[PDB]
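Number of protein chains: 4
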Amino acid sequence: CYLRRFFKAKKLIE
Amino acid sequence: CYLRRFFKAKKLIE
Amino acid sequence: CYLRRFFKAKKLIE
Amino acid sequence: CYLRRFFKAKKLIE
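Chains as they are written, first to last, in the entry's author numbering: chain A, 1 to 14; chain D, 1 to 14; chain C, 1 to 14; chain B, 1 to 14.
Read the hints as simulated data drawn from the structure, not as lab findings. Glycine included, each C-beta is placed from N, C-alpha and C at the ideal position. One thing to keep in mind: the hints can contain errors.
To be verified - Restraint ranges, calculated between C-beta atoms of paired labels, are given here: (1) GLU14(C) with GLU14(D): 28 to 38 Å; (2) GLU14(A) with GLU14(B): 15 to 25 Å; (3) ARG4(D) with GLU14(B): 26 to 36 Å; (4) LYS11(D) with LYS10(B): 17 to 27 Å; (5) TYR2(D) with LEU12(C): 16 to 26 Å.
All chains, please: the whole structure from these sequences, using the hints.
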């Protein structure tokens, strides 16, 4: 339930 | 003006 | 450089 | 599992 949070920022730099 | 949005996911897994 | 991080959660519940 | 995401914006303006 945190990926959405850790990823939401990842997609911004991937 | 974005690191905050990106790092915000870093502190979540550091 | 933060409103983005404030109104973002807003639209999600407005 | 989103409140944390929605609220995280709340404490930022309360």
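Now the hints, each set against the structure:
1. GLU14(C) with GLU14(D): 28 to 38 Å: 32 Å, holds
2. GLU14(A) with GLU14(B): 15 to 25 Å: About 32 Å separates the Cβ atoms of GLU14(A) and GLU14(B), which means 15 to 25 Å is violated.
3. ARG4(D) with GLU14(B): 26 to 36 Å: Check failed, 18 Å falls outside 26 to 36 Å.
4. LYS11(D) with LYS10(B): 17 to 27 Å: 19 Å, holds
5. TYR2(D) with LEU12(C): 16 to 26 Å: 19 Å, holds
When the structure is compared with the earlier hints, violations turn up for hints 2, 3 and for no others.
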